[PDB]
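J.: Okay, here's what each chain looks like letter by letter:
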Amino acid sequence: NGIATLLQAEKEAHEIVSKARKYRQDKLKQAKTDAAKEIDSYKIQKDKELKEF
Amino acid sequence: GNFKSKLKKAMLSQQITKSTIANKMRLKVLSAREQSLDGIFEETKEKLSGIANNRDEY
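Taken in order, these protein sequences are the chains called A and B.
Quick note: the first sequence uses the numbering used here, first residue 21, plus one each step.
Quick note: the second sequence uses the numbering used here, first residue -16, plus one each step.
The set of hints was computed from the structure by calculation and includes no laboratory data.
Among the clues, some could well be false.
Unchecked claim - Partial list, derived from the structure: chain A residues whose beta carbon lies under 10 Å from chain B:
no., residue
1, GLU30
2, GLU32
3, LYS57
4, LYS66
5, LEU70
6, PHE73
The C-beta atom is built at its ideal place from N, Cα and C for all residues, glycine as well.
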């Protein structure tokens, strides 16, 4: 009957919701990694100063 | 913190090389005394070798 179609659309959209959250969460993990890369440059600059000392 | 720790390690390295620079020079003074003292015994050995030559006094 039509009940299966009603549930399938909600189930299909729910799966996309989890994928959207997972992709956004993955981007958050990537953003932290990218931010740490900028911090690593400061550590690299500090290391060069330590080498100069 | 790693940069601060590295600086502390470098600073202690400066103290380590400062002492060993002074210690090596300090042991240069000590080796000078023994070398000159060895000269005293080097000079003494030659003089005693001459004692046997003087058969009357020996």
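J.: Confirm or reject each hint.
T.: Right, here's what the structure says about each hint:
no., hint, result
1, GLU30, "violated, 51 Å"
2, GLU32, "violated, 49 Å"
3, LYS57, "violated, 16 Å"
4, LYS66, "holds, 4 Å"
5, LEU70, "holds, 5 Å"
6, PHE73, "holds, 6 Å"
When each numbered hint is compared with the structure, violations occur for hints 1, 2 and 3.
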